[PDB]
Amino acid sequence: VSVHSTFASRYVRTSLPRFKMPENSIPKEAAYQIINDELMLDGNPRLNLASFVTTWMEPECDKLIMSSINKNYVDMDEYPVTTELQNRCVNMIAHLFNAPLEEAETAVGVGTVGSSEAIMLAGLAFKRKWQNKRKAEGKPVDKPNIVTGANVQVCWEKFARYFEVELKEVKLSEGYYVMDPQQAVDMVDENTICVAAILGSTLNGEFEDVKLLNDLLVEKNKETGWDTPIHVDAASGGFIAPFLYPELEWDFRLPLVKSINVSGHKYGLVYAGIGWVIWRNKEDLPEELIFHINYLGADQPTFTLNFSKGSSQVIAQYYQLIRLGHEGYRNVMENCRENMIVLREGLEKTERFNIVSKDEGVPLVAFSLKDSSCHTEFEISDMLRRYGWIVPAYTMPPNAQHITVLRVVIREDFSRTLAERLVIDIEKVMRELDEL
Amino acid sequence: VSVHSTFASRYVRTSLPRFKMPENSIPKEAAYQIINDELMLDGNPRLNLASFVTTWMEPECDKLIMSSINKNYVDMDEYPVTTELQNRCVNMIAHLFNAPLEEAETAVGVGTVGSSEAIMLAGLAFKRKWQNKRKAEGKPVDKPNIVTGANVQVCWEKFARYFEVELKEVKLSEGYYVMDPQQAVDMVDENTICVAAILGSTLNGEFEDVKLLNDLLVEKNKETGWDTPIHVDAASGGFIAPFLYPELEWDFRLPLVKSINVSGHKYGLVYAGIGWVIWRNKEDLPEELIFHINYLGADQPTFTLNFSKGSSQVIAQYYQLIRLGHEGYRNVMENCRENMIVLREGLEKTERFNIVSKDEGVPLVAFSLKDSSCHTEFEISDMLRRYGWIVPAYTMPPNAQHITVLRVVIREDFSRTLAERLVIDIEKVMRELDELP
Amino acid sequence: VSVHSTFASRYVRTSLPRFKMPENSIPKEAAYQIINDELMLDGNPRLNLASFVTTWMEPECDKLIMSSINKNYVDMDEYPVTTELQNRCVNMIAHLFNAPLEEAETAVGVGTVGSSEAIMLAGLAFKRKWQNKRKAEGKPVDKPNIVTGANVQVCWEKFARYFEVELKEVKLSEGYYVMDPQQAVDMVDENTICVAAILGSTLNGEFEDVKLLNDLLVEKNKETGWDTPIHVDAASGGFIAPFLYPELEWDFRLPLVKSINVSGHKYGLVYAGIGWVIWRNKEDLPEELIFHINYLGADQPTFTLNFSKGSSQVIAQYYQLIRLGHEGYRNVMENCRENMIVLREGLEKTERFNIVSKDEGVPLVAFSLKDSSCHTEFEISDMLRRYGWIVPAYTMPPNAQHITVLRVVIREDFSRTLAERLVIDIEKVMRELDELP
Amino acid sequence: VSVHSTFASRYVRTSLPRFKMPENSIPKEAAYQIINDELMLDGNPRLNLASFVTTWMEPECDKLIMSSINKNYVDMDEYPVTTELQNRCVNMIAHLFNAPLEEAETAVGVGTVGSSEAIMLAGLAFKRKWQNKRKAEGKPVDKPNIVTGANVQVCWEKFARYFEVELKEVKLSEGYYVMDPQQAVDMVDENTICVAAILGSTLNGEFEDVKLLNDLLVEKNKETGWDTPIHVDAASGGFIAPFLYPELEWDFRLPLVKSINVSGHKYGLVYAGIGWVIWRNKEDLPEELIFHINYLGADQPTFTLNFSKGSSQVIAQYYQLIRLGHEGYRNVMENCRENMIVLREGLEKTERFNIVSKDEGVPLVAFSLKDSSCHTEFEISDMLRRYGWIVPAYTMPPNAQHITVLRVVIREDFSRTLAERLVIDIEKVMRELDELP
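Residue numbers (the entry's author numbering), protein chains in the order written: chain D, 12 to 447; chain C, 12 to 448; chain B, 12 to 448; chain A, 12 to 448.
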């Protein structure tokens, strides 16, 4: 009958459907096993050093997530507490970024699926706010633009293309992989809806000099009369600076910073599926972008590109915030920074590489091969795959397309034990290459 | 030291922070307990009859989800199989909608967070495809529009506003709560990037007459020369029609249907966080909308408003598809339809209500009070809250803002036992009202 | 075959049997799901503020319980250790109540299902001890009685009726909701088998003045020559006084207190199913009430109305005792008292209510509406149901039937977070009422 | 700090408190371990062949139990569904006993902790009903009595003593271990509140001839004019006869049977903590015994000696009923009967014993030693302890206090594998004895 174990049955004799949906059902145990088995050919997230996204949470947090995988977030009326936790996160992150708040005041911001959606909401606010200002002056509004560096993350290219905004990029120079504040301010014109600075480049983890950008842009504003704003893409750096570098002025402490995005699922220490965007003041979020629906129970102030979605990541974020606090996050970041140094040194000791990333910034290590003659960084990346390590290789954006680097992101769940094994295995790979 | 139970400690004496992040850490057990406890004041999803979103999956599927909550979907190179499963879902859903496919041909479509994102991608494709066509004819492209009914879901209003497209709505009439195909086709002009039909209105679960819309629009196309396309918002109906009403022509069988969206987390039987959008042919998705990145390992063809996101729902969807098959989905939908009838009858038997939803369509029941004099539907909604039921009340869109209805969505995890208890508790509520001002 | 998920099967199409037992079996997964689903229409115990019974235990204690749900307590020979733990609990509770015990002496008492059974065993001991004393003096024994306040818990009415004893009640006055010691002593006659004082009234959580009752009754005993005893119903207060108020003399420190009952599943911090009764000395438990059976293995000294029963609560009780100790229990009670104050203040701040409960006593808050004109406390109780809170309303006993109160019991698992949300939601309910007929 | 494992800490150096409650808390892990460890010196319930109480349930049922260990049953208003399930069980058991019920009429009965409480409620109803009848005739009511066999279970002795009713016992004869219907009817007088027959004696699992008792008592009723009722103590047999011997008339099919008790935690296949009592008609339960309280939310019709208690067993019972149905219970009982035969034969094959139990009745085997000279049954009981088997030895009641038997109860979780190992180990024990003084 159904007494056969899954591997004694005839279900393991058929490969999983690729094109058509099967006509008949198969036992749940069988479906679980075969899908689970093929998934083993995926890489191990914990060994995926290419990603900035968190790959480990406390078991206690796994429970909260599982207890609420069936809670659709968008059901505000049905789940009042879930909605409140989202608001509290916005408040806590807002204060974390030194937003102009009156202590018990409600912050302006929203939780998103990730920085991608956060960036596009921020962009929309900028575009609209700019359109309104111009229409009020009679001026034309057909050629909006944004100013960023060539190190800009794909999400800004998506925004530019889909929302018909021009992307003005400051090109990179050899040995200079972030956006030059000066060149950026010089590109600003009357059609610039904002200048987007990146606090933690995905290329070498460097923080851009937001304070300098603010200083120069304030000066230019006195001349041009345009009120060009700054947006800080703190996808990763947003949950690092406040704890490692509270001294660094990059946030709402700078007058021109009007909105900030940060990924909760990066250094916010949550599984993939959570991002945040904060606005300096209510005025920075045009009221006409906000919707109020009522077919689910009552009226709700929504500003998102998504609707139905899991609420587990929101809850998970709140857990991390109140469970860790400043203390916990500082400890985690310090551990990450420490491991970065350990990995950095180990690579310097071989005298085979050029460290192309900075000492401070995002906890990661980007490096190139001294003399990329007989062997390329791509070969090293492939070689490491055999050991289970996933370490990416890529070329820099113009005008540094001649520079190719390897990147290792240090996350919360990357212990010293793994760091030291990585160095050893990298050395082994270099030897295997010396004989080819 | 730390031998105190959470409720013997001093952590249960402080209320959870609302504004500022705490300076110090607190024990994991304590943080878990207090957050878990406050969450109890949330409603029970299983009793939330307001939602179309699935609130139950098999334990076996819970495991798959948990085993991959740390797999970031966007890491294509790192997780080849996760990406493949997404492709297979696109293929299977494409065939399910009778897309023009050559057996082993790869379908054109993408997985999304939900229908909201799917709709905006579909809209973008329409807008761009329209812009290109017009620019090629030297014609202007500054006033794009979309034609839908007033029963349109908020997501189309979002799209219209954010992507600067005009929303032309066909208004509702009393007793007529879907979009009239005729009036819709008459609104079509040279600037219409598409006509969006809804296969399962969130208002009364009715399927719009997509076939008629197609027939009329094909005729108008012969005259105008415009190539006005149809998009079917099958957020819910997409996973119902193929199994309950296969004969019904609403999908790619209709020549003018160029793209379809469907929510996996609705009647796709997956937890919240998964949607799909299918395109009839490659030509319907302008190539310049597609990106190819390579800073994570290699080049990948992405067309989404999101980037990093969980891959658990994608995997969960594939599980449901190959585990249930046509048979399983049919069985679930038949069970849902059956329970709808049971609830419908029970309400008819009281002769207190007007059933404002149809016999066939989305498994739900929308009804109004005969004689809304002494008591309103909103009162009934509040009353039911006491028993734990969440049943929404709302006024129809114009021109029917004088029509107020209650809606009960029947989902996969809504058994006959619950259906019958709902009828009983609704009757109890009506009596409690018969003795009030 | 059996590959269908429960919600794809035909078992969710039938409602659960109400009258007749089904002829055929159904899959275990199916039976589990449907029963589990209907149970969702039960209230959430953690939000049930009407109950004094514990609704949360440590996960470690859940394991002990599960590990022994199959251990039938009555099997003394088979489970020697389970029986010993029961004895240790009796000893520990006896000392906790300052019973006259020499070092390492075995206390006189038994574990019960709850205070209900404990009270009836205590009553039986009193009745029998009284019958014996009277029969020895040749005096009549046909009209026994007990003296308590009108605030007496139903369990004493059960005892009176089933064991044919007369219940003499001291009536309540407005603003005076406990038993007046003086009036009580005045009701005592030759047929009074005992005077039952309540240490924590279920009506306003007030402790009755047991010490005064003892003082007056000792005086009356010098006159009448009757040896009228006192029983303290410490169902809830029994696990509160020893930790919050050790100075308060209410227990065996008072000479006339002959027996005490306490509920382990109330503030003893155990799940429902455990109570205790302690006797001052061996002489207070007539030997002829004890049985010795031998059909299970050997002879055993049983004094209970029950036989077979779970032993998990007994084990759970012992766990709580040795795991928490004085320190743990004090911490839990202090937390409960603190939360009571927080809730009390929040209600005072609205100036809408009259706090009818005292500052010290059982951690709870009983309050009435100032001016019960346009709205009653019952309306507030119903309104709160919508949020998930269960807060009861009830009228006092004679002669205070004109006084209606709301009661909120603060238990171990009621954190400050919940306390503050309760205040907020109560305020919301008051506003919703300010706009009604 | 607290990094020490429990067995590396100083908590395993102190023995668990026996008399005084500890001053300080200890880590939960430590308390769990030490208590769990000492409990290992308890016998294994699954190997306890002395008990009639179920020692195993399906894992699915363990979940239901755990999900509701915090639901206090007595909270009717708070847990409506829990209360309903109790009612459904009463209905289903009532029909199972062929009670005079229409459709769909509500049965008269209540769930209890066990048969002990059920018996005392049944007794109370009898006593009261008898008192009323006599007071109406101006006759005296000071000497009530009950008629049973000497094989009567201790619970009837408890009732007799605590509720001051005289116990008239029909003595046992050698080879005759149940109550003789004739002698019983002859003992009936005007003061007999009922005759209690036992459907499954705890001594040899024999069913008493209830039908004969009814026939004789109906005749005597025609003469005496007294309306002497019958109560059937079906503690165990209640869940056996309906499935193995539906032909047997023992229940409400007999006119004189006015009430029946049965233990859910025996052959009802539930863990310890559930019993039931059914009444033939509403008239058999005097209305003045029923209480209606309202301090928890609303009025509720309670008739129990207990108050607060777990509701897990009630839910567990309902699960078993609808999950197994007639089919499941029959299968379980047939398996139990089969294993009884296997064990019976194995003992007959040794020609060392006298089978003192019958072929049909409760699935068990009671046997004595042929020639109890050099060795007693008690020695065999002790010997078996070494292997882990718990098999009791006991002497019959008068006039058979010379007969000593061993009893093996066959429960649901006693497979053929265990049955065969028992026979083997019993043979081993007999040999070990053949070589002793």
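Treat the hints loosely; a few may be bogus.
[What the hints assert, rightly or not] Partner residues aside, some chain B positions facing chain A, computed with beta carbon under 8 Å:
no., residue
1, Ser26
2, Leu50
3, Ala61
4, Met77
5, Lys169
6, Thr213
7, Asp226
8, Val229
9, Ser319
10, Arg442
11, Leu444
12, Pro448
[Said to hold, decoys possible] 20 Å max Cα-Cα, derived SDA-like pairs, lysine to any residue:
no., chain 1, residue 1, chain 2, residue 2
13, A, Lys144, B, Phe174
14, C, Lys31, D, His106
15, C, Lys179, C, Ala161
16, A, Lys140, B, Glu390
17, C, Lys154, D, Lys39
18, A, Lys144, A, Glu298
19, D, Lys39, B, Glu390
20, B, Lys439, B, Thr406
21, C, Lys233, C, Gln193
22, B, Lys439, C, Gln193
23, C, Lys39, A, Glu298
24, C, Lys182, C, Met198
Since the hints were made in silico from the structure, they are not lab data.
We put the beta carbon where it would ideally sit given N, CA and C, even for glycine.
Hints, one by one, checked against the model:
no., hint, result
1, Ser26, "violated, 11 Å"
2, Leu50, "holds, 5 Å"
3, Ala61, "holds, 5 Å"
4, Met77, "holds, 6 Å"
5, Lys169, "holds, 7 Å"
6, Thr213, "holds, 6 Å"
7, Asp226, "violated, 29 Å"
8, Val229, "violated, 29 Å"
9, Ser319, "holds, 5 Å"
10, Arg442, "violated, 24 Å"
11, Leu444, "violated, 20 Å"
12, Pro448, "violated, 24 Å"
13, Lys144(A) - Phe174(B), "holds, 19 Å"
14, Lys31(C) - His106(D), "holds, 6 Å"
15, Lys179(C) - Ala161(C), "holds, 9 Å"
16, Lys140(A) - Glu390(B), "violated, 41 Å"
17, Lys154(C) - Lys39(D), "violated, 52 Å"
18, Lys144(A) - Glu298(A), "holds, 14 Å"
19, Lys39(D) - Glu390(B), "violated, 49 Å"
20, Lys439(B) - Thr406(B), "violated, 24 Å"
21, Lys233(C) - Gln193(C), "holds, 16 Å"
22, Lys439(B) - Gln193(C), "violated, 49 Å"
23, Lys39(C) - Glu298(A), "violated, 55 Å"
24, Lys182(C) - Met198(C), "holds, 12 Å"
Hint compliance for this structure: hints 1, 7, 8, 10, 11, 12, 16, 17, 19, 20, 22, 23 are broken, all remaining hints hold.
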